[PDB]
Amino acid sequence: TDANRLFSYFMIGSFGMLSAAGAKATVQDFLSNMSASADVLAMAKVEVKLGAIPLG
Amino acid sequence: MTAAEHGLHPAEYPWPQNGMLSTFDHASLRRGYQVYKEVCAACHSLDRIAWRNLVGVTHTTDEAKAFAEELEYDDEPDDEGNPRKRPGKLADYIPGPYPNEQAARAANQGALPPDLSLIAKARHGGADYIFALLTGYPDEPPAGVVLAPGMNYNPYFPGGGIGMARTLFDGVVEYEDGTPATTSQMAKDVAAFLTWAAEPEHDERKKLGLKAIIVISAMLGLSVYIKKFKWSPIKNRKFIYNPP
Amino acid sequence: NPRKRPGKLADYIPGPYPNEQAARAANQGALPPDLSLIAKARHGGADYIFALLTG
Amino acid sequence: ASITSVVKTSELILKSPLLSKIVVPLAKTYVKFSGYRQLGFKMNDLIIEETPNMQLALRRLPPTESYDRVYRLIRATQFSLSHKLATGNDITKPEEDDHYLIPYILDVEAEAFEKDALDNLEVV
Amino acid sequence: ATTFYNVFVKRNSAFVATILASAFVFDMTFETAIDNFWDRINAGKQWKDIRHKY
Amino acid sequence: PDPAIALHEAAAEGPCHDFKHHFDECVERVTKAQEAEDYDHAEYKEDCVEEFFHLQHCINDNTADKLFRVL
Amino acid sequence: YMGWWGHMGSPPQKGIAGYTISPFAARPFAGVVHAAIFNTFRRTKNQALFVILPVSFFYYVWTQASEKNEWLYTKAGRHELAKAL
Amino acid sequence: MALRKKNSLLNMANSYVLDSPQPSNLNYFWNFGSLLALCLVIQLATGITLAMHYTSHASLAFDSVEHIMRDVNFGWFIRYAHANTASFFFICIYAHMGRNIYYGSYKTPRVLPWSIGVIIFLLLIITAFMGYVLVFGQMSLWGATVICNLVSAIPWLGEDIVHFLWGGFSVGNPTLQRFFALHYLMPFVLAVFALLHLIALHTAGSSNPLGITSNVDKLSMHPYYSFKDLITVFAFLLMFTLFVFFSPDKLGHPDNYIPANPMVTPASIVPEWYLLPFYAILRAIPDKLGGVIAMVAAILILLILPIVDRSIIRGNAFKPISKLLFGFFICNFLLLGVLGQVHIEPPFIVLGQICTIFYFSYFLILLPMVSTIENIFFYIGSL
Ligand code: HEC
Ligand code: HEM
Ligand code: HEM
Ligand SMILES: CCCCCC[C@H]1C(=O)O[C@H](C)[C@H](NC(=O)c2cccc(NC=O)c2O)C(=O)O[C@@H](C)[C@@H]1OC(=O)CC(C)C
Ligand SMILES: CCCCCCCCCCCCO[C@@H]1O[C@H](CO)[C@@H](O[C@H]2O[C@H](CO)[C@@H](O)[C@H](O)[C@H]2O)[C@H](O)[C@H]1O
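Chains as they are written, first to last, in the deposited numbering: chain P, 58 to 113; chain O, 85 to 328; chain D, 166 to 220; chain R, 2 to 125; chain T, 4 to 57; chain Q, 76 to 146; chain S, 9 to 93; chain N, 1 to 383.
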C-alpha cells in the first residue's frame, strides 16, 4: 500500500526535517561568532551631550 | 592531607539556578550587586564586567549609565597632549579599588584580594563555596588552632587562616526592595551575583540546551528507527544450505 | 606608589614626546614619525633621507 | 603462534598421565565456556587465516569441506549480527567438532619450517 | 493517502522542498514554544519579570 | 535577625548532639592542656579542628535546605 | 587479503541460498519487546562475570586504600602515619 | 561503468565511504572510529573559530579567552564545545583502542593500522597538552612548567632542550606563542595520520567481533554503516549537550580560571583527567629519568602487542581467560587514572607501584602466558 511506504518516508522526512532545522540553528548560531562582538558593538554607537556646547 | 589543609567541603545548597531548566533569580542578582557595591568592592575588583553587562540583567540602561557617569575614567590626551579624565560610559569596565597589586597588598596586611569576576568558576564548589566562606566564620576559632597575625579562622578556606575578615553582619546593607539584610540573605545574594558574573551566558545557555536536548533526542529516536528500517533485510536474512 | 629607576641595556631609547598629541602640539600640527623603520618605509631608503636633509 | 607449536605442546601433555589427568578436564570446560559451538562453529573455523601459510592450507581443503566451512562462517556471521545463538541442529555437538583443517596446516607449516631449516644448512 | 505520497514524497525535489519548508516552520514555532515554556517555568525570576519596577 | 543562627543551634542540640559533645569534650581537654605549664615546650599540640569539622559538616547537612527555604 | 566486489577473496561458495525481504515489507521492530527483555537478559547474564569480577575487585582495593588514607590523616592515625613516612 | 567508479577522485571517496566492503556483523564498538572523526571535525571547527578570537601573547591570552566567553556571540558555546570535546575525544579514543585490543585488531594483517594508530594517540596527547597551555591560567602554566621539566631528565642535553622549547628560562610569552602555532598545526598532522591508518587498513578491511574472515559476507559501508553511525552520532551529541549546555565545567579544573602566576603555586598540579593514568605510571618510578621512560614506554609498549599475543585465534570473543585478564587490565588502567589524582601519600604510593607493575606485566608476561595456554586448551578441548 501507499500508506505503508508513506509512513516510512514520514520517519525519514522527519529526520531530514530535524536535521535541517538543527543544521540551520547550528550554522546560524556558530557563525554569529563572526559578527561584531559585544565590546565592538559598544565601541560603536558613541553618545555625546549637547548641553556643554555653546553657540558658534 | 589533613582535612584542615584541604578546607571543609561546602554543603550543597539549593540555588535557584540549580536545575536544568532554572535561570538565576534576577531580583537576587540585583540585590547581590548592591552587596558587592557596598561591601566587597572596597577590596575586590570585578574587572571583567562592564557597565553594559548589568543592563537587562539587573538594571535598566538608565540606571547603569547613571552608575557609569558617576565615575571618572582616563580619556585620550587633549590637544596639548596633557592627560584628561572623562565620565564613564556603558562600555567601560567596573573600576577596581586599587591601582596595582602592591597597593592592594599594602591595604590588606600583605594578602591580595582576588578579582571576583571568575571566582565562582575558579574554586571547587562555585556559589556554594562563596556562600559557605562568607557565612562560615566561627565566633571563636576551634581551640588549639594557631592563627598567624592578620589571619582569621575560616574552615572552608584551605589551611583555615584567611586574610579576609568576616564582613557580612546583619544590616550592613539596606536593600532597596525591603528584603531583610541578614548575613545569610546577603551571602546568598552576593554569591548568586558572583556566579552570574562568572558565567553571564548561563540563562541563554540552558535555554539553548533545552532546545538541543529535545531536537537531539528526537533525532536519536528517528535515527534508530531509520537504522532498523534499513538494516532489516540483513537482520532478517535466512539461509538454506545444500552441501554440493 | 609609582617609582623611577635608572635605565639598563634592555631598555628602549625613549622618545621626546609622551604621545602623538604632545608631538603635534610641539610641531605646528605635524607629527614627526618614528625613525626606526623610516629607511625601509620610504622609497629610496638612505638616498631619500640624505636627499631630504640636504635638499 | 604456529599451529605446529600448539599441536606439539598438546601432544606432550596428552602423553604425561599426570598432566592429562588435570589438563584435559580443564580444556573441556574451557571449550564449553568459550561458547564458539553456540554459533555453530567448529574449533578450526576460528584459526586466523590472513597468513600466507593459512591461505595455502585453505586452498588445499577438499571442495566439500571448503563449502561447508564457508556456510558455517556465513551462518555464524548472521547469528553474530542478529545477536542470536544457534539452536537445535545449528549448535555444534562435541562429536561434530572435528579438526578438519589441522592436517592441512600442519603439512603447509612442516614444509615451511623445513625450508627455513634447510636454508641454514652447513656442509661438514 | 496515495495522493499525499504522489504530491509530497514521490519526487525527491518535492520531498526535499517539503522537508525544508517543514524545517522552516518547525524552527519558527519551536522557538516560540520554547520561549513561552521557559518563561512559565522561570516565572518571576527573569529580568522581564522585574523590569516593571524600573 | 539571622535565620541561620537559630537553625544551627537547633541542629547542634538535636541531630548533631553526638558531634556537639565530641567538640565540647575536645575543647575541655585542649584548654586544660594549655592551662598546664610547659605546654609551649611540648612536641604535639592538640587542636579541635577535626571535631569542629565533623560538627559543622553535620550541621550543614541538616540545615542547608531549611535555610535556603527562608530566604 | 581483501579484494573487492567480484573478487573479494572468499573460498568458492556453492550451495548456500540466501533469502531476505524488503525493508518496506518487514516490521523493523518485530519482536522488539521480547528482544529488549529476554534477549538482553540472556546476553547480559552471559557476560556478567567478566565485568563484575574486575570491577568489584578494583573497587574494593580503592575503598580500602582511600579509607586507610583518610584514617592516616586523622588524629587517631598520627602514629601509623609517622611510621608509614 | 558508474561515474563513482570511473572518475579517479570520486572513486577514492567511493572506496572509503560508499562501496567499501565491510563485515556484516560489526557491533556498536565499531562506531568509535566515526565518533573520533566527528570529534576531530568539531575540534577543527571550534578550534579555528577560537583562533579567530584568541591572542597568543601572554599579556593578553587569558583575557582573550574571557573575551570569547563574555563578548563573542556564542563564544561560550564554542569555547566549552572545544574544551569538552577534547574530553570526549579521549573517551572515544580509549574506547576505540579498547575495542582494538579486545578484538585483536592489532594482529596480522592489521599491524600497520595499529602501529600508525599508536602514533595518532601520541599526537593527540601532545595536541591536547599544548591546547591546555593556551589558556594561560594557573593549570596552564604549572602544567607546562612541570611537564617540560621532565625533559630535563634526558642526560647531558636535557636542560638545554627545555630552554629551547620554552624559548627562554621559564614558561612565558615565547612558550605560549609557540604552543599556539603548534597546537593549531598538530590537529592537521593528526588528521593526516588518521587518514593513513585508514589507508593502511584498507588492504585487510575491518576486523569483526568474531575474529574470522568477513570475505565470505560483505556489506557496503553505505547505507548500512552510514545509518548505524548516525545512531552513535546522536547519542554522542546527547552526551555532548549535557556537558556543554548544562554542566560545562564538570570535567575541568577550576584552577585554570585563575590567571597564571609564576610566584603562587597551585595546591595540586594534576593533569587533565585523560592523562592521569600516564601520570600515575610516572609517579610510580622514584627515579626522574626512570619515570619518564616508563611513562613513554606505557604508550609505546602497545606496539609489541602483535608479538606478545601468541594466540592462533583473533580477539577475545571466544577466550574466557583472556576476557578476564582484559577486564583486570582495563580496571587497572582506570585505577591508575584515579591514582594519578590522589596526593602522593600512603597508602597510594605502594598501590600505584603495584598497579604500574600490573600494567606492564599484562604485555610482558600475562598476555604471552595466557594466550599460549588458551591455544593448548582450544586444541585439547576440541579433540
Ligand atoms: C576589607 C577587605 C575585604 C572585604 C570587605 C572583602 N574581602 Fe574578600 N578577600 C579579601 C582578602 C585580603 C582576600 C584574600 C584572602 C587570602 O588569600 O588570605 C579575600 C578573598 C576572597 C575570596 C576568595 C577566597 C579564596 O578562595 O581565595 C572570595 C570569594 C572573596 N574574598 C569574596 C568577598 C565577598 C563576596 C565579599 C563581600 C561581600 C568580600 N570578599 C569582602 C579582602 C576583603
Ligand atoms: C585534536 C584537535 C584538538 C584538540 C584535542 C584540542 C584540545 C584543546 C584543549 C584541551 C584546549 C584547552 C581548552 C580549554 O580548557 O579552554 C584547547 C584550547 C585551544 N585550542 Fe584546541 N584542540 C584541538 C584542535 C584545535 C585546532 C585545530 C585549533 C585551530 C586553531 C585549536 C585552537 C585552540 C585555541 C585557540 C585554544 C585556546 C582557547 C581556549 O582555551 O579555548 N584547537 N584545545
Ligand atoms: C583521530 C583518531 C582516530 C580516528 C579518527 C580513527 C578512525 C578510525 C576509523 C574510522 C576506523 C574504521 C572504523 C572502525 O573500526 O571504528 C578505524 C579503525 C582502526 N583504528 Fe582508528 N582512528 C583513530 C585513532 C586510532 C588509534 C589511536 C588507534 C590505535 C591505537 C587506531 C587503530 C585502529 C585500528 C587498528 C583499526 C582497525 C580496527 C578494525 O576494524 O578491526 N585508531 N579507525
Ligand atoms: C569522503 C572520502 C574521504 C576519505 C576519508 C574521510 C573519512 C571516511 O572515510 O569516512 C568514513 C565514513 C569513515 N568510516 C569508516 O571507515 C567506518 C568503517 C567501518 C565501519 C564504521 N562504523 C561502523 O558502523 C565506520 O565508521 C570515517 O569516519 O573515517 C574518517 C576518519 C575519514 O576521515 C579521514 O580519515 C580524514 C580526516 C578527516 C581524519
Ligand atoms: C555555509 C553557510 C552559508 C552562509 C550563512 C550565513 C549565516 C550567518 C548568519 C548569522 C545570523 C545571526 O543572526 C542572529 O542570530 C542569533 C542567533 O545566532 C539570534 O539571536 C536569538 O537567539 C539567540 C540564541 O540562538 C539569543 O542569544 C538571542 O537573545 C536571540 O535574539 C538573532 O535573532 C539573529 O539576529
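Calculated directly from the structure, the hints in this document are not laboratory data.
Built from N, CA and C at the ideal position, the CB exists for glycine as well.
Treat the hints with care, since some could be wrong.
Unchecked claim - What follows is a list of derived Cβ distance ranges for each label pair:
no., chain 1, residue 1, chain 2, residue 2, range
1, P, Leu98, N, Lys5, 47 to 55 Å
2, N, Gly290, S, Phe65, 23 to 31 Å
3, O, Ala249, N, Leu44, 19 to 27 Å
4, R, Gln56, S, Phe65, 24 to 32 Å
5, R, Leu27, S, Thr82, 29 to 37 Å
6, N, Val189, S, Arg50, 25 to 33 Å
7, N, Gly168, O, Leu196, 20 to 28 Å
8, O, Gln186, N, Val189, 55 to 63 Å
9, S, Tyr9, N, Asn7, 40 to 48 Å
10, O, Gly194, S, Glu88, 32 to 40 Å
11, P, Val105, D, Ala175, 41 to 49 Å
12, P, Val105, O, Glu164, 32 to 40 Å
13, N, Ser115, P, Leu98, 50 to 58 Å
14, R, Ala87, N, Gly290, 36 to 44 Å
Stated by the list, open to error - If you only want the chain O side, here are some residues facing chain Q, beta carbon under 10 Å, derived:
no., residue
15, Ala87
16, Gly140
17, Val229
18, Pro233
Said to hold, decoys possible - Dumping the calculated DSS-like pairs for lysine-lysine here, alpha-carbon to alpha-carbon at most 30 Å:
no., chain 1, residue 1, chain 2, residue 2
19, Q, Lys107, Q, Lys141
20, R, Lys94, S, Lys53
21, Q, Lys141, O, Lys121
22, N, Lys6, O, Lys314
Hints not upheld, ascending by number = 3, 4, 5, 6, 8, 9, 12, 14, 16, 18 and 19
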